[PDB]
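Model the full assembly from the supplied sequences, consistent with the hints where possible.
Here's the letter readout for the chains.
Number of protein chains: 2
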Amino acid sequence: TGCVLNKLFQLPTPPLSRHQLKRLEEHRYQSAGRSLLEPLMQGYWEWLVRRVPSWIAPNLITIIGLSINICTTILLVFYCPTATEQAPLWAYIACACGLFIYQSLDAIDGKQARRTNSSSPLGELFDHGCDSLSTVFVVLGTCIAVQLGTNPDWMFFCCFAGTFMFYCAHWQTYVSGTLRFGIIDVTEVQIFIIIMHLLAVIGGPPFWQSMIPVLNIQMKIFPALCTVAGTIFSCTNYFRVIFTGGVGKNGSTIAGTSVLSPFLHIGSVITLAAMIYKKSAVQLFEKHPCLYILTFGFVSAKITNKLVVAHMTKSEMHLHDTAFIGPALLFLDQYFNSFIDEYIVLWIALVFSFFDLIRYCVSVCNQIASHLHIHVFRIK
Amino acid sequence: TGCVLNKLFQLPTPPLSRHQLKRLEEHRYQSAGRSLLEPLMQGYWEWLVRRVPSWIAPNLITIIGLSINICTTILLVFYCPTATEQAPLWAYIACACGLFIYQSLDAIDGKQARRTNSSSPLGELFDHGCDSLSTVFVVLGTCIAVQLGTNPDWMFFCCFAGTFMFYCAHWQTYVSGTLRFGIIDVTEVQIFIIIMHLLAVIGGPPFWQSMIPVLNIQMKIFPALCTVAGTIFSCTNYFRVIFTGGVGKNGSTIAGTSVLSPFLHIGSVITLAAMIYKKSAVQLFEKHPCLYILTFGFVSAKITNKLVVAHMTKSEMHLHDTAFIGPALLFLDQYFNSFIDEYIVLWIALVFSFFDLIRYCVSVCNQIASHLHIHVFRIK
Ligand SMILES: CCCCCCCC/C=C/CCCCCCCC(=O)O[C@@H](COC(=O)CCCCCCCCCCCCCCC)COP(=O)([O-])OCC[N+](C)(C)C
Ligand SMILES: CCCCCCCC/C=C/CCCCCCCC(=O)O[C@@H](COC(=O)CCCCCCCCCCCCCCC)COP(=O)([O-])OCC[N+](C)(C)C
Ligand SMILES: [Mg+2]
Ligand SMILES: [Mg+2]
Ligand SMILES: [Mg+2]
Ligand SMILES: [Mg+2]
Numbered sequence: 028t029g030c031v032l033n034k035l036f037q038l039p040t041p042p043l044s045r046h047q048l049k050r051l052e053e054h055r056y057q058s059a060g061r062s063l064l065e066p067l068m069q070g071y072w073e074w075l076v077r078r079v080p081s082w083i084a085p086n087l088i089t090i091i092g093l094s095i096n097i098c099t100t101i102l103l104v105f106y107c108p109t110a111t112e113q114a115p116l117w118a119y120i121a122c123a124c125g126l127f128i129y130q131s132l133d134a135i136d137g138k139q140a141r142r143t144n145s146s147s148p149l150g151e152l153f154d155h156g157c158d159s160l161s162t163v164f165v166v167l168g169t170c171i172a173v174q175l176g177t178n179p180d181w182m183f184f185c186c187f188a189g190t191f192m193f194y195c196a197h198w199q200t201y202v203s204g205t206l207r208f209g210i211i212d213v214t215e216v217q218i219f220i221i222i223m224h225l226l227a228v229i230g231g232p233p234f235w236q237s238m239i240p241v242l243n244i245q246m247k248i249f250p251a252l253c254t255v256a257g258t259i260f261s262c263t264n265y266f267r268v269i270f271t272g273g274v275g276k277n278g279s280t281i282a283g284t285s286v287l288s289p290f291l292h293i294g295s296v297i298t299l300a301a302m303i304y305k306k307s308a309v310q311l312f313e314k315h316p317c318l319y320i321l322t323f324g325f326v327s328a329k330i331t332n333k334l335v336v337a338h339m340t341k342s343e344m345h346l347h348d349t350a351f352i353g354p355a356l357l358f359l360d361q362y363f364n365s366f367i368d369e370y371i372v373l374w375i376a377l378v379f380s381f382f383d384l385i386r387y388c389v390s391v392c393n394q395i396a397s398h399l400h401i402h403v404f405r406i407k
Numbered sequence: 028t029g030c031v032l033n034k035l036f037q038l039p040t041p042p043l044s045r046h047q048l049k050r051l052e053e054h055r056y057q058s059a060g061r062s063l064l065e066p067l068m069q070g071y072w073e074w075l076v077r078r079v080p081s082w083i084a085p086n087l088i089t090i091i092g093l094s095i096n097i098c099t100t101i102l103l104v105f106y107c108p109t110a111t112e113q114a115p116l117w118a119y120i121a122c123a124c125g126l127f128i129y130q131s132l133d134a135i136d137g138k139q140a141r142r143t144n145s146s147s148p149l150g151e152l153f154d155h156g157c158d159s160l161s162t163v164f165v166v167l168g169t170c171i172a173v174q175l176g177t178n179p180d181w182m183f184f185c186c187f188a189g190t191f192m193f194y195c196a197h198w199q200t201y202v203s204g205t206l207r208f209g210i211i212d213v214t215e216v217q218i219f220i221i222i223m224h225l226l227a228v229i230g231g232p233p234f235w236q237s238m239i240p241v242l243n244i245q246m247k248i249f250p251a252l253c254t255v256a257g258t259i260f261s262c263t264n265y266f267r268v269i270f271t272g273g274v275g276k277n278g279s280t281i282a283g284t285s286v287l288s289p290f291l292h293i294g295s296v297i298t299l300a301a302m303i304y305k306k307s308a309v310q311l312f313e314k315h316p317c318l319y320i321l322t323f324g325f326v327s328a329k330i331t332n333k334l335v336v337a338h339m340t341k342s343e344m345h346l347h348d349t350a351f352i353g354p355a356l357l358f359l360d361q362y363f364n365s366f367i368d369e370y371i372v373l374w375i376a377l378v379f380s381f382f383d384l385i386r387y388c389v390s391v392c393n394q395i396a397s398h399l400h401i402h403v404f405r406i407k
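Heads up: the sequence lines are chains Z and A, in that order.
Sequential numbering of the first sequence, starting at 28, is according to UniProt numbering.
Sequential numbering of the second sequence, starting at 28, is according to UniProt numbering.
Source of the hints: derived by calculation from the structure; they are not laboratory data.
Yeah, the Cβ is synthetic: ideal placement off N, Cα and C, and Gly gets one too.
Do not rely on the hints blindly, as some may be mistaken.
Stated by the list, open to error - Calculated Cβ distances over 10 Å to all of chain Z for the following chain A residues: (1) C30; (2) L63; (3) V76; (4) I128; (5) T143; (6) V255; (7) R267; (8) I297.
What the hints assert, rightly or not - So these bits of chain Z aren't anywhere near chain A, every CB distance computed over 10 Å: (9) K34; (10) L43; (11) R50; (12) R55; (13) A121; (14) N178; (15) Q245; (16) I248; (17) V255; (18) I281.
As the list claims (entries may be wrong) - Under the rule of at most 16 Å between Cα atoms (straight-line distance), these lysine to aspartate or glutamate pairs were calculated in the EDC-like manner: (19) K306(A) with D180(A); (20) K305(Z) with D360(A); (21) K247(Z) with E112(Z); (22) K305(A) with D360(Z); (23) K306(A) with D360(Z); (24) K314(A) with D180(A); (25) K314(Z) with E112(Z); (26) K305(Z) with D180(Z); (27) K247(Z) with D180(Z); (28) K34(Z) with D383(Z); (29) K341(A) with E151(A); (30) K306(Z) with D360(A).
Take a look at the structure:
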């Protein structure tokens with residue numbers, strides 16, 4: 028049983044060459060910046076990390092957070108598959124508490140890693156790889172909490188904008204070699220989403236459906252407008268650095284590739300999602316938005332994880348990836364006038380994309396661990 | 028002017044690494060077999076090659092043949108763009124004479140190369156690369172000569188079957204390391220096509236439209252049926268060797284890749300052509316068959332040329348290639364309910380695919396020539 032499962036979760040050929048592997052050992056973490064709310068939260072996270080026993084490995088801490096976040100959001104998706112129903116109030120509380128636990132466990136893992144001298148490139152790759160999956164669930168859970176499914180175009184834009192900003196942060200890191208935090212960053216966004224779930228508990232759908240008298244727009248559209256405002260601010264900071272901050276030869280990226288090369292990958296993901304949405308004869312996204320977001324979210328998360336790998340290995344990005352097979356199944360089916368029900372194809376695309384993501388992640392983590400002679404979830 | 032044109036016909040990165048280049052020098056031509064009509068034709072070709080002066084380089088001989096073949100077929104396409112009209116009789120004669128000149132010039136180039144001690148890997152790569160382009164024009168010219176445009180499904184099958192058999196011959200060479208000639212091969216097929224053009228001169232459309240009394244099928248369908256019969260025979264010889272003749276480790280190909288890997292490339296070409304045909308709302312192939320065959324013919328010829336390169340460099344085949352961009356343009360347009368007229372897109376796809384083919388061929392030939400310090404069309 029263990030032999031068949033192990034063969035299932037690794038690709039037949041190793042994804043990284045030995046030369047990238049050697050170059051990965053030379054990586055040194057560099058960040059430059061400070062968010063607005065981080066210094067107040069620093070005292071809590073410094074207190075919290077001291078209470079954690081020294082035998083818990085970093086990669087085990089992050090995955091506990093993600094599992095809590097996944098389970099609470101999947102339960103919420105189970106209650107509200109079209110994002111139009113009202114869930115029991117405790118489900119939003121569970122997501123609110125789950126995200127708070129996630130944020131607290133995430134922010135202490137690198138501090139714990141330093142305290143126990145277990146900082147390693149596996150931990151850094153695993154963290155950003157875990158953050159990439161969690162972000163998909165955060166934007167989906169938020170959209171359910173605000174019932175954004177009644178306005179699919181706003182739901183489509185906001186969910187894919189959030190994944191694109193998170194991708195752009197790693198794109199900025201791929202260009203400049205340094206993770207740069209803005210004035211409004213992950214800390215403020217996550218805290219705002221936690222507070223938003225409690226107003227959804229207190230006021231429900233009637234509160235969210237009320238009209239803002241001065242603008243004659245529904246208040247429910249305001250977080251989506253906040254997402255627009257956030258997108259301009261976040262893109263402006265990243266793109267200034269994208270055009271001026273290339274550390275490679277002749278101002279290229281650190282890998283020596285064109286500064287526009289990551290755009291093609293995330294652009295293809297967003298474009299495929301937009302074509303399949305606007306061409307669907309059965310209005311697949313409007314009837315099944317959570318299932319749709321999860322399908323393309325796993326595709327987007329993997330493409331982000333390849334960018335993290337491309338950063339960590341100082342390698343080019345190949346546009347051709349198996350992650351696009353799932354969207355292509357949806358794409359080919361809709362091309363033949365939906366000969367199979369797109370809902371069935373979407374489930375097929377979901378299951379494939381999930382397993383393909385898991386197969387990649389397990390194979391990369393095991394390969395790095397075998398090279399460094401460390402265990403992923405246990406400190407020696 | 029020369030600098031801008033030179034930048035246009037080469038890719039920014041060299042298509043072959045130095046290690047493939049070194050391995051290319053170790054290649055030694057091996058063939059095993061004899062066609063039925065070749066020994067009678069051998070005396071003519073041995074006589075003909077002795078009349079050629081020793082200063083004409085091999086690669087210059089092949090390209091003169093191809094240019095004659097291209098010009099006569101393109102003129103025929105110009106007179107009969109839907110393959111339903113009747114051309115002047117001299118145009119079929121010109122194609123008949125042009126193909127006869129082609130065959131005679133092709134068959135003597137390697138004999139001339141041996142006589143002048145100018146045999147080189149550039150010549151072998153250029154030859155099969157030239158044969159791959161010529162075959163597309165031969166099947167198209169044949170279909171015009173027999174007016175197969177009145178039965179598009181037969182026209183589609185026969186043209187793509189011929190390209191697939193030619194691909195399969197190189198696939199067989201990629202598997203077994205040796206070019207193997209059948210009892211019915213290129214010599215018999217080309218001579219049969221030459222004779223067929225003269226009956227089209229003598230009898231015209233009324234002859235070709237006459238019914239075969241015993242079968243109650245039109246006689247015009249018989250060459251297409253001959254193409255079916257030829258396909259079974261040719262595939263049977265190639266596929267027996269494909270399953271038993273792998274010289275690589277554990278019976279794999281000589282490059283160590285799966286024996287099914289070339290199938291995906293030619294399969295994708297044939298499948299894309301079939302999807303675009305059956306989905307076209309304007310019946311693009313039925314109104315414009317020659318333009319359609321030329322578009323996908325250049326795509327197919329390039330994919331064949333990559334297989335020759337993959338053979339000559341002992342390398343794997345990458346499925347991702349720029350050759351598919353042109354078909355994808357047709358494919359994306361038809362997906363959006365033909366927002367642009369597919370005929371305009373087909374011209375765009377033709378021009379792109381032609382230039383992309385020419386760019387690849389010029390870049391590969393110049394790269395090999397620079398490494399071997401030889402000139403492509405001149406003997407020192
Ligand atoms: C709700 C209000 C709307 C807009 C408000 C303004 C938003 C625009 C502003 C933001 C600009 C900054 C870019 C965004 C974050 C990327 C930063 C990054 O590198 O990732 C981080 C991970 O990320 C996570 O922790 C997971 C993401 C959680 C929420 C999802 C973010 C998408 C935005 C959702 C919004 C739309 C959803 C709403 C639905 C309609 C880096 O992780 P780390 O640094 O290794 O972690 C430990 C270190 N730490 C302590 C420093 C963290
Ligand atoms: C018309 C009757 C229908 C069917 C009849 C039976 C067909 C089935 C049987 C054939 C089985 C054999 C496979 C086919 C040939 C591949 C061999 C190869 O390696 O390529 C050769 C090149 O090829 C050329 O010279 C160009 C091709 C010319 C005609 C196109 C062939 C496609 C079939 C069109 C038919 C459909 C079109 C009709 C439209 C309806 C190798 O070149 P070479 O060896 O380096 O050249 C010099 C050496 N030489 C002297 C040895 C040559
Ligand atoms: Mg963290
Ligand atoms: Mg993190
Ligand atoms: Mg020849
Ligand atoms: Mg030849």
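Satisfaction of hint between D180(A) and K314(A), Cα-Cα up to 16 Å:
13 Å, holds
Consistency of the no-contact label for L43(Z), given chain A and a CB cut of 10 Å:
Answer for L43(Z): holds, closest chain A Cβ roughly 18 Å.
Checking a non-interface call: every C-beta of chain Z should be farther than 10 Å from the C-beta of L63(A). Is that right?
44 Å, holds
Nearest-CB test (10 Å) between chain A and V255(Z):
Consistent with the label, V255(Z) stays out of reach of chain A, its closest Cβ about 27 Å off (over 10 Å).
Pairwise hint evaluation, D360(Z) against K305(A), where the allowed Cα distance is 16 Å at most:
The given pair, whose Cα atoms are some 14 Å apart, holds under the 16 Å limit.
Over 10 Å from every CB of chain Z: does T143(A) meet that, or does the non-interface label fail?
Given that every Cβ of chain Z is farther than 10 Å from that of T143(A), nearest at about 44 Å, it holds.
Would you assess whether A121(Z), listed as outside the interface, keeps its beta-carbon beyond 10 Å of every beta-carbon in chain A?
42 Å, holds
With 10 Å as the threshold, tell me whether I297(A) passes as away from chain Z on beta-carbon distances.
Holds: least Cβ distance 16 Å, greater than 10 Å.
Classify the label on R55(Z) as holds or violated, using whether its beta-carbon is more than 10 Å from each beta-carbon of chain A.
30 Å, holds
Closest CB of chain Z to the CB of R267(A) still more than 10 Å away
28 Å, holds
Does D360(Z) sit within 16 Å of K306(A), going by the straight-line distance between their CA atoms?
The given pair, whose Cα atoms are some 13 Å apart, holds under the 16 Å limit.
Assertion that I248(Z) lies farther than 10 Å from chain A (Cβ):
Non-interface label on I248(Z) holds, nearest chain A Cβ at 29 Å vs cutoff 10 Å.
The structure agrees with every numbered hint stated previously.
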